[PDB]
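Engineer: Single-letter residue listing:
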Amino acid sequence: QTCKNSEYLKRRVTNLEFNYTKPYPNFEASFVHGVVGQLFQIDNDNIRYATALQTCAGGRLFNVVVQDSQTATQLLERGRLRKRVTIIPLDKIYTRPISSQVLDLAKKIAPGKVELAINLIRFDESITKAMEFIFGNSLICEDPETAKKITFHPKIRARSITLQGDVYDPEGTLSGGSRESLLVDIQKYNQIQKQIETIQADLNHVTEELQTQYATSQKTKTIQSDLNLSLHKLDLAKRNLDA
Amino acid sequence: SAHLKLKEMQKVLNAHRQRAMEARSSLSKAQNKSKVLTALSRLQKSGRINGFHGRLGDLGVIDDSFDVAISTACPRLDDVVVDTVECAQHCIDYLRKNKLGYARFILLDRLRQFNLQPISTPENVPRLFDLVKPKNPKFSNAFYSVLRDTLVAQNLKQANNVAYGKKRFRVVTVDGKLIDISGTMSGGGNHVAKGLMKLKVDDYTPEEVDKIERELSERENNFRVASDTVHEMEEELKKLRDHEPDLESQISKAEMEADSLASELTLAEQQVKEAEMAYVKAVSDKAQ
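Here the protein sequences come in this chain order: A and B. Take the first sequence: its letters are residues 492 to 670, 674 to 737, numbered as in PDB author numbering. Take the second sequence: its letters are residues 637 to 835, 842 to 930, numbered as in PDB author numbering.
The hints are simulated quantities; they were obtained by calculation from the structure and are not laboratory data. Virtual Cβ for every residue (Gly too), placed ideally from N, Cα, C. Each hint should be verified, as a subset may be incorrect.
Computed from the model, here is a short list of chain B residues facing chain A with C-beta under 8 Å [stated by the list, open to error]:
1) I728
2) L731
3) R732
4) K735
5) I742
6) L743
7) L747
8) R748
9) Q753
10) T820
11) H827
12) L909
If you want the footprint, here are the derived chain B segments under chain A, 3+ residues with CB under 8 Å [as the list claims (entries may be wrong)]:
13) 650–656
14) 898–905
With the hints as constraints, model all of the structure from the sequences given.
Structural biologist: What follows is the structure in C-alpha cells.
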C-alpha cells in the first residue's frame with residue numbers, strides 16, 4: 492500500500508534517478524556507490540536552510556561515485572553514454588581543507604549568524620573525504636548584510652550562503668531569483687526507500703524462518719498422520735463406550 | 637508475465653518521464669533567459685537604475701565557426717554583468733518580489749584582475765581569448781578572469797598535451813569535447829549547444851510540452867489501473883492458496899467422520915435383527 496500510493500511524488504523526483512548499462516559483468520558493482528543525492532541525508536534544522544542547501548550542492552547533486560579511475564573511465568567508455576553527466580572517482584579527488592582559525596574568527600565577529608556546511612549534514616564516514624571535496628568549502632550566514640561584509644573581507648574569504656538562496660562567493664559572485675526547493679521531497683523519498691528496505695529485510699528473514707518452520711512442519715505432518723490415526727482410534731473408543 | 641509486462645511498460649514510463657523533464661528543464665532555461673531579456677530591455681530603458689551593463693554576451697564577438705565550441709565550453713556567457721553591489725541587490729530583490737526568473741550575477745567592483753598577456757601555446761593550438769574582439773578593452777582582463785586557460789585542440793591530440801603535457805589547461809575541442817582540470821569524470825552524451833555569439843535554437847511549442855504531459859498522465863493512469871488489476875489477481879491467488887488447504891483438511895475430516903459413522907452403523911445394524919428376533923420369541927410365548 493505504501494509502495495503503491497507514494498509514486499505520485501516520483502513524478503517530481505526524476506532527475507536524481509540513476510541509469511546505466513553494465514559494460515563488464517565481471518566488474519564489481521559495489522565500486523559504483525551510486526548518486527551522491529541519496530548517499531547522504533540532512534537533519535531537522537536543515538529545513539530552515541533547505542533552499543540554501545540546493546546552492547551548497549548545485550548541479551553537484553547529480554554526481555555518481557566510483558572507487559578508482561580506470562574502472563570509472565572504462566564504465567564511461569563502454570557504458571553507452573546517453574546524457575551529459577558528471578562522475579566523481581574516489582582515488583584521485585584531492586581533499587582541500589580550510590583553516591579553522593579564520594572560520595572561528597568569522598564566527599566570533601558575527602555571533603549567531605554563522606554556520607558550517609560539514610556540520611549541517613549527515614553522511615557515511617567512509618566517504619567523509621568526498622564531503623571534504625564538495626561540502627568542505629562552503630559556509631552559511633543568516634543575515635544578508637553580515638554575508639556582504641564577510642565577502643568584502645580580505646582574509647575572510649568565505650563561501651557564504653544567505654538563507655534566501657544568495658551565494659556570496661569570496662570573489663564577489665552573487666546569484667538571485669526564483670527557481674524550486676526539491677530537497678524535502680527527495681528526503682521523504684529516501685526515507686520511504688530506507689523504511690521499505692528495512693521492512694523487506696525483516697520480511698525476508700521472516701520468510702526464511704518460515705521455510706525452516708515449514709520443514710519442521712513437514713516432519714510434524716509425517717508424524718501427524720499417525721497423530722490423526724490415534725485421534726480416530728480415540729473417537730472409535732469413545733463411540734464404543736456407549737455402543 | 638502480466639506483471640512482468642507491467643514493469644516493462646512502467647520502465648518505458650520512467651524513460652519518458654526523465655526525457656520529458658529534460659525537455660521541460662530546457663524549456664524552463666529558455667523561458668528564464670526570455671524573461672531575463674525582458675529585464676535587460678526594461679530595467680535599462682527606464683533609466684531608474686545605473687551601472688547596469690547587461691549580459692556577458694553583449695560584448696566582444698568571437699568567430700562564428702567556434703559557436704558550438706564556446707557553447708559547450710562555458711555557459712557563463714549568459715552571466716549578468718553589473719558594476720555596483722547595491723544596484724544588483726536591489727534589482728535582485730525587485731525581481732524576487734514578483735518572481736521574474738532566476739540567474740547568476742557578477743560585480744565589477746569585486747572582479748579580481750590578472751594578467752591578460754598570452755602565454756606560449758605549443759603544438760599550434762589557438763587561444764580563444766585573443767580571437768575575441770572586445771569593444772571595451774577594460775573588460776578584457778575580466779575575460780581572463782572568466783576564460784581561464786582557454787585553448788583549442790583537434791585531431792585527437794588531447795591525450796598528449798591536454799591530458800598531461802607541460803601543464804594541463806581547459807582546452808576545448810573544435811567539436812565540443814572538453815577536458816577539465818578538476819579531474820572529475822565528465823560524462824559525455826548527445827546534448828546540443830549552439831547559438832550564443834553571431835559573427842542552436844531548439845525551442846518547442848508549449849502545446850508539445852502540454853501533450854507530452856497529457857500522455858504521461860494517461861500512461862500513469864493506465865499503469866496504475868494495471869497495477870490495481872495485478873493486486874486484484876494477487877488477492878485472488880491468495881484466496882485460492884488459502885482455500886486449497888482448508889478444503890483438503892475439511893474433506894479429510896469429512897471422510898474420517900463418514901468412516902466413523904459407517905463403522906457405528908455396521909456395529910449397530912445387528913441390534914435391529916437381534917431385537918426383532920427377541921420380540922418375536924417373546925410374542926410367541928403365550929402360555930401365560
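Engineer: Are the hints correct? Go through all of them and say.
Structural biologist: Verification of the hints:
Taking 8 Å as the C-beta cut-off, the interface hint given for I728(B) holds, the closest approach to chain A being about 3 Å. At a threshold of 8 Å, the smallest CB-CB gap from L731(B) to chain A is about 6 Å, leaving the interface hint in force. Checking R732(B) against chain A: minimum C-beta separation of about 6 Å stays under 8 Å; hint holds. Among the interface hints, the one on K735(B) holds; its C-beta lies about 4 Å from the nearest C-beta in chain A, closer than the 8 Å criterion.
A distance limit of 8 Å between C-beta atoms decides the matter here; for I742(B) the minimum to chain A is near 6 Å, and the interface restraint holds. Look at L743(B): its Cβ gets to within about 5 Å of chain A, closer than 8 Å, so that hint holds up. For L747(B), the suggested interface contact is upheld, since its CB lies about 7 Å from the closest CB of chain A, less than 8 Å. Using the Cβ-Cβ criterion of 8 Å, the hint placing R748(B) at the interface with chain A is satisfied: the shortest such distance is roughly 6 Å.
Nearest Cβ of chain A to the Cβ of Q753(B): about 21 Å, over the 8 Å cut. The hint is violated. At a threshold of 8 Å, the smallest CB-CB gap from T820(B) to chain A is about 5 Å, leaving the interface hint in force. A cut of 8 Å between beta carbons decides the hint on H827(B): the least distance to chain A is about 5 Å, and the hint holds. Restraint check, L909(B) versus chain A: the minimum CB separation of about 6 Å is within 8 Å; hint holds.
With 3 residues bearing a CB less than 8 Å from a CB of chain A, the segment 650–656 of chain B meets the requirement of three and the coverage assertion stands. With 4 residues bearing a CB less than 8 Å from a CB of chain A, the segment 898–905 of chain B meets the requirement of three and the coverage assertion stands.
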